[PDB]
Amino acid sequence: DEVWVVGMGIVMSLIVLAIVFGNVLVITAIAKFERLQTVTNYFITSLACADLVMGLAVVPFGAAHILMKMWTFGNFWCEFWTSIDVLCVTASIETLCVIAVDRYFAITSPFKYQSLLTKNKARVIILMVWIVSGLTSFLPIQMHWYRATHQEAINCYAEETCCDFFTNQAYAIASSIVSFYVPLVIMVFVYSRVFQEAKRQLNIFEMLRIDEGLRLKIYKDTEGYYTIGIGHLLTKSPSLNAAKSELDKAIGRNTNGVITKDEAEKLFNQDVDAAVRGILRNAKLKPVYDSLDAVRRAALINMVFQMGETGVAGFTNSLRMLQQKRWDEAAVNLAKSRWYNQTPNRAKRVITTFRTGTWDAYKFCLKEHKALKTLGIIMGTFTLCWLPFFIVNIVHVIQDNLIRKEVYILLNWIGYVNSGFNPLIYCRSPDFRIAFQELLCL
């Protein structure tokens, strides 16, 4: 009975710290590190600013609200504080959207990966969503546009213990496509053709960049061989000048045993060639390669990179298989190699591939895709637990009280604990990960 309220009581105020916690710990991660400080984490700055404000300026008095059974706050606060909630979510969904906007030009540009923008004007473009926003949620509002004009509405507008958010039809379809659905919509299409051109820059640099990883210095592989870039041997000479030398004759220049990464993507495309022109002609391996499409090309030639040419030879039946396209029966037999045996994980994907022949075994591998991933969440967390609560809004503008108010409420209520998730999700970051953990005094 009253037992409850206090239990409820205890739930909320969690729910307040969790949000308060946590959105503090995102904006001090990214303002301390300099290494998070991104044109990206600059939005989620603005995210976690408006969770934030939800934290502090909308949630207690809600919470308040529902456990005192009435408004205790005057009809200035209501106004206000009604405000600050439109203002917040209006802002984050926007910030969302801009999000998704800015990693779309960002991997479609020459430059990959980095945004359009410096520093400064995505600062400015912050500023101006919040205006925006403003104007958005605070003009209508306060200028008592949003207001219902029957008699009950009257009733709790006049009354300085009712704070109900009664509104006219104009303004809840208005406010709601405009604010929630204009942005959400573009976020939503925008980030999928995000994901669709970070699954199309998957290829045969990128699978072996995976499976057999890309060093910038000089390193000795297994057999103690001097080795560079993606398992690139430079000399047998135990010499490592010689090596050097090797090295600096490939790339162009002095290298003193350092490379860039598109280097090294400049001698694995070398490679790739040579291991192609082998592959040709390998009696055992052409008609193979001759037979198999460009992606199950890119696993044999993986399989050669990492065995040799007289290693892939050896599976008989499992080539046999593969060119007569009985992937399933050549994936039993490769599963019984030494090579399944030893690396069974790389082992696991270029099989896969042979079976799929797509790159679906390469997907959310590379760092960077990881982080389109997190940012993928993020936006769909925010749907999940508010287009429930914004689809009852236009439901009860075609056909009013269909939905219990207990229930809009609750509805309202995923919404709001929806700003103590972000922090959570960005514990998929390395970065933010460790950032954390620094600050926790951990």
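Positions refer to the first chain, counted from 1. If you superpose the two forms and keep the largest set of C-alpha atoms that fall within 1.5 Å, you have the rigid core. Compared with the form deposited in another entry:
For the set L96, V312, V129, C156, a Cα shift of at least 2 angstroms between these two forms, after rigid core superposition, holds for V312 and for no other residue.
A movement of the C-alpha atom of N75 falling short of 2 angstroms is seen between these two forms when the two forms are aligned on their rigid core. When two forms of a protein are overlaid on their rigid core, residues whose CA moves 2 Å or more are considered shifted, and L366 is not one of them between these two forms. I351: CA moves 2 Å or more between these two forms after rigid-core fitting.
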The other form holds:
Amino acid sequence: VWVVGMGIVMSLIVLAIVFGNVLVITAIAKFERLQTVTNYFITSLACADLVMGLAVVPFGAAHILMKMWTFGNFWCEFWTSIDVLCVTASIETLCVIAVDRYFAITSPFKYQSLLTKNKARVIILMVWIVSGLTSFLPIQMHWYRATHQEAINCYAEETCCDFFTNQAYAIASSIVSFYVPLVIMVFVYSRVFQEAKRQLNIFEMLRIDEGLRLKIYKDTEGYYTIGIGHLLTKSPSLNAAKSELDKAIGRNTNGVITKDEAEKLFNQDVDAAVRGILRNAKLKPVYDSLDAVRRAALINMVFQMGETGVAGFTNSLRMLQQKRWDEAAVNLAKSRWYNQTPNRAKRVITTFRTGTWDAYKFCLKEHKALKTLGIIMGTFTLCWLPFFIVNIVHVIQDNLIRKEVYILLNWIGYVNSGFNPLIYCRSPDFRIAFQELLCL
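Return the form deposited in another entry of this protein as a structure block, the form deposited in one PDB entry having already been given.
Shown next is a single chain and nothing more.
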């Protein structure tokens, strides 16, 4: 019959869950630079998805294909109990991630978790402990058992593992175990995206569109530069750029420098840009007649071109001081600066034009890491929220739920366990880690 199709489909889903989440787990286990605090949370998140694929989805596939329960009422309890455990531990983990990323993005240690690894391990156990209590106890203590005849006949029957619960459980379980951490997750992590966008200074602005290299390279004009767009010299001699590099650093570098002494150059360059805007009489009044977002966009222009080069935009300077943003943005486009480097000028002109950071959304490496964590959360919501909204309406509407429409929406939740590894292939560090494990 037509069951052979779903068997292959479900068997592939079990593989994509197991093979993908063991891949995520092993990548964090062996590789050091992925052993971060956030990735310990992802480890337990992958475990919740891995156990979903080893203990839950297969026995649910045998339940659908055989149209009955082969494994007894004992395993019917654990299968249900472990299924609830993996979903409860997943949302709280995603809830801990969001709160961890909030306290990180608000501390002066931006993008770095305040929790230590030993303490984050203490959090993981409590999540599984609290999940293990809210999941096993209501199922093992029969607090879910309904009192209507159809449920009672399935309870005593060992070949039936239909999941009928009384209305009190369906409410309290959905609220405490799913909706509360969901609402916290969505509110706390929307608070993170709002801080990353609000907390964009000139330093992150430049470091995005200027880049960072630790080896001497030629810039867009061909001049020897190093660090974050630090101009070394305009002479074609490499040692002239290396000797000027050593005079500025004080160390014999042979053209290679660390990230610490590269930020120190980056600070001095930005300081020279602000001091240069204040020395020049043509740039001083315009800088003062600007908000912090456009002050940065101005510091960026002086960073790239110098004080005298930026002062040539005599019309654009008068308009940015007259606060005529759209009109200044046009003369900024009619320049040869927008010709040589259009992608950078676009982001700077739009920063003047709009007075926001929309041109630099998710352009910084650490913001892309947050957007990655926002996708595993938004996916977790879209996979389970339909299931949980139908449970909450099923109870209120008082009509019993359609067994195929019910189990359907639970499988949209099941296929969530295979989505996390692909969203991690959207990180550059996991791609490099996965390719080693796959030996590609």
